[PDB]
Amino acid sequence: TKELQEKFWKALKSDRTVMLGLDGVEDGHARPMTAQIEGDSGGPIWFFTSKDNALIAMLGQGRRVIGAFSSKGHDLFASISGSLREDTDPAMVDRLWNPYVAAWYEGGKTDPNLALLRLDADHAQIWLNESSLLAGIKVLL
Amino acid sequence: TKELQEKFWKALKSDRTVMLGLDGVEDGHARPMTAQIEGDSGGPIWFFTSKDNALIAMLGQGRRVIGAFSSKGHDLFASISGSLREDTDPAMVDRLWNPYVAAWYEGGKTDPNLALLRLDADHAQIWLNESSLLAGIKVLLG
Amino acid sequence: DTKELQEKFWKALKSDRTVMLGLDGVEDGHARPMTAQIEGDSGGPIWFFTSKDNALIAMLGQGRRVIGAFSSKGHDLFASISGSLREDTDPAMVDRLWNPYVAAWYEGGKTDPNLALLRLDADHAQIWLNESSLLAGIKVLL
Amino acid sequence: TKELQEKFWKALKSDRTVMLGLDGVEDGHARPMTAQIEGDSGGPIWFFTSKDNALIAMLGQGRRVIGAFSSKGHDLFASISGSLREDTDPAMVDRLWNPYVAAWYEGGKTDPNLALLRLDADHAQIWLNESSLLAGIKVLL
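Residue numbers (the entry's author numbering), protein chains in the order written: chain B, 24 to 164; chain A, 24 to 165; chain C, 23 to 164; chain D, 24 to 164.
If you are wondering where the hints come from, they were derived from the structure by calculation, not from laboratory data.
A virtual CB, placed ideally from N, CA and C, is assigned to each residue, including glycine.
Watch out, some of these pointers could steer you wrong.
Here are the simulated distance ranges between beta carbons [said to hold, decoys possible]: (1) C:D63 with B:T133: 49 to 57 Å; (2) D:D75 with C:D63: 35 to 43 Å; (3) B:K74 with D:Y128: 52 to 60 Å; (4) D:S64 with C:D63: 37 to 45 Å; (5) C:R108 with D:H146: 25 to 33 Å; (6) D:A114 with B:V162: 34 to 42 Å; (7) B:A126 with C:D143: 40 to 48 Å; (8) B:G130 with D:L119: 48 to 56 Å.
Going by beta-carbon spacing under 7 Å, a handful of chain B positions derived as facing chain A [stated by the list, open to error]: (9) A53; (10) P55; (11) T57; (12) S102; (13) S106; (14) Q148.
Using 16 Å as the maximum straight-line C-alpha spacing, the simulated EDC-like pairs for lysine to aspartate or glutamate come out as follows [to be verified]: (15) D:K36 with B:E29; (16) B:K33 with D:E29; (17) B:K132 with B:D112; (18) B:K161 with C:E29; (19) D:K161 with A:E29; (20) D:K161 with A:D145; (21) C:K161 with B:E26.
Model the full assembly from the supplied sequences, consistent with the hints where possible.
Structure follows, in structure tokens:
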């Protein structure tokens with residue numbers, strides 16, 4: 024079960040994208056958002072976003088969400104369970120800043136429309152999508 | 024927009040897996056399930072499953088669900104919206120049966136624990152993510 | 023069945039597209055990722071759009087033995103493709119294989135003087151299936 | 024360029040499979056082999072295999088090979104360049120042993136047909152396969 028967490032945090036860190044849905048917001052649609060973490064494992068999970076993001080208005084002090092995640096080869100599927108709330112902490116913005124994130128804000132770190140969400144993940148259901156090689160066959164083409 | 028649907032139905036048909044969550048069931052966890060459709064496009068979307076699946080008990084005449092889907096290289100993400108209900112129709116079982124599905128049932132098509140769900144999808148929000156290859160860099164390895 | 027195998031291969035190839043293609047004595051034998059295209063749903067030849075200044079071109083002469091390395095996205099299939107590779111910048115073929123994606127690569131469009139087309143005449147491939155089965159789901163404290 | 028190596032070693036470590044071809048052996052066919060490394064980065068790269076593997080007979084003191092690698096998900100392609108030779112070192116077998124490797128040998132670590140190859144990689148050409156997320160569009164179906 025330590026293996027599982029490791030695989031998850033690795034997949035998550037490199038593949039990043041989490042589809043994130045909130046009931047009663049936008050018809051419950053799960054939006055693809057790019058996850059970021061400090062370090063190689065362990066949350067919270069951070070998403071850069073925009074102040075006008077509808078999700079923001081409705082999060083209040085924090086809300087229960089289910090994040091849907093798959094690795095980019097579908098060898099791992101995780102249903103992430105945790106609390107989601109805005110936490111646009113300037114210190115955190117500095118830590119998580121990079122040229123990729125930077126491309127999104129006209130105003131840079133100081134963009135008044137910049138927002139940051141944190142997902143405090145307490146558990147995830149994780150499915151491994153494990154494979155077996157077979158004798159390779161020589162075939163005329 | 025015709026194109027987006029085509030891309031979607033294609034990814035869905037070959038990649039298959041959809042993560043499917045129901046609130047008030049199992050803490051809202053989205054379970055990976057394998058989608059099947061007749062023909063190359065158009066729903067409904069069918070999932071083989073088990074009678075004891077908790078989701079079943081709670082579907083009643085049908086329920087609103089959001090299916091989360093990505094293609095196998097993440098060049099497409101779809102949030103699928105529709106109604107989900109059991110419809111273990113013997114005719115449908117025959118149409119959708121194959122060796123892969125067969126591996127799951129001790130009893131075959133006749134397994135008393137076999138169940139089939141249909142998702143009647145009315146819309147999906149679809150995000151394209153297409154990759155373009157950067158230029159190759161030589162790199163030394165220690 | 024060995025007909026199954028070819029079908030899976032041609033399908034993976036058609037949708038996944040990328041083939042890593044190496045030539046000895048060219049560029050240190052490095053296998054470059056190139057995007058394969060075929061007419062129809064199966065069967066070669068396999069076509070790669072490329073550039074006239076591509077070093078590979080200089081060295082192909084009337085045609086050359088190459089090994090193309092291919093995996094499907096998700097890696098459920100690996101194919102080692104064996105065939106002859108040669109330039110065949112046939113205007114008719116360019117028209118048949120043209121699309122907005124290919125178009126994005128040429129400043130001059132179909133008329134770009136630096137446009138080149140390669141054909142790989144594949145006679146056989148060694149093919150390995152790697153199919154994946156989903157394990158029971160585990161819940162982890164996090 | 025440090026980023027690139029990191030991504031490579033990570034993809035390699037978790038995805039493992041490298042297609043490995045030798046001229047004048049088996050028509051130059053690149054066989055899918057599962058790479059293993061000690062630690063999270065840095066070679067050599069190890070492949071468990073069999074003594075009767077034709078590749079073995081022809082490696083002598085070592086040979087130049089090109090290993091073709093992609094990540095599942097095709098966000099990274101690496102052409103790996105290095106020297107390949109058998110080095111069935113008992114200490115190394117112990118270090119790299121696991122239930123997955125174990126499933127391949129009737130005789131376990133002691134299987135007389137067990138062989139281990141090491142690829143001493145000096146460089147790789149690496150291509151990143153970079154994506155652009157477009158704006159989501161609702162569609163009818």
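Against the structure, the hints:
1. Distance hint check for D63 (chain C) and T133 (chain B): the Cβ-Cβ separation is about 53 Å, which falls inside the suggested range of 49 to 57 Å.
2. For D75 (chain D) and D63 (chain C), the hinted distance range of 35 to 43 Å is satisfied, since their beta carbons lie about 39 Å from each other.
3. As the Cβ distance of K74 (chain B) to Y128 (chain D) is approximately 59 Å, the hint placing it in 52 to 60 Å holds.
4. A hinted range of 37 to 45 Å for the beta carbons of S64 (chain D) and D63 (chain C) is consistent with their spacing of about 42 Å.
5. Range check, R108 (chain C) to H146 (chain D): Cβ separation about 29 Å, and the 25 to 33 Å hint holds.
6. For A114 (chain D) and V162 (chain B), the hinted distance range of 34 to 42 Å is satisfied, since their beta carbons lie about 40 Å from each other.
7. Hint check: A126 (chain B) to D143 (chain C), Cβ distance near 43 Å, so the stated range 40 to 48 Å holds.
8. In this structure the supplied range 48 to 56 Å holds for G130 (chain B) paired with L119 (chain D), their Cβ-Cβ distance being about 51 Å.
9. For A53 (chain B), the interface hint holds, since its Cβ comes within 7 Å of a Cβ in chain A; the closest pair sits about 5 Å apart.
10. Hint on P55 (chain B) holds. Least Cβ distance to chain A is approximately 4 Å, under the 7 Å limit.
11. Because the beta carbon of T57 (chain B) sits about 11 Å from the nearest beta carbon in chain A, more than 7 Å, this interface hint is broken.
12. Restraint check, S102 (chain B) versus chain A: the minimum CB separation of about 4 Å is within 7 Å; hint holds.
13. Evaluation of the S106 (chain B) hint against chain A yields a violated restraint, the C-beta minimum of about 13 Å exceeding 7 Å.
14. Hint status for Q148 (chain B): holds, given a least beta-carbon distance of 5 Å to chain A, under 7 Å.
15. As the CA atoms of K36 (chain D) and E29 (chain B) are separated by approximately 12 Å, the hinted pair is consistent with the 16 Å bound.
16. Annotation: proposed proximity of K33 (chain B) to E29 (chain D) holds, straight-line Cα distance about 12 Å (limit 16 Å).
17. For the hint pairing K132 (chain B) with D112 (chain B), the CA-to-CA distance comes to about 11 Å; that is within 16 Å, so the pair holds.
18. Distance check on the hinted pair: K161 (chain B) and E29 (chain C) sit about 14 Å apart at the alpha-carbon level, within 16 Å; holds.
19. Of the pairs offered as hints, the one joining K161 (chain D) and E29 (chain A) holds, with about 14 Å between alpha carbons and a cut-off of 16 Å not exceeded.
20. Of the supplied pair hints, the one linking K161 (chain D) and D145 (chain A) holds, its CA atoms being roughly 10 Å apart against a limit of 16 Å.
21. Using a Cα cut-off of 16 Å, the hinted pair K161 (chain C) and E26 (chain B) holds, with the two alpha carbons roughly 13 Å apart.
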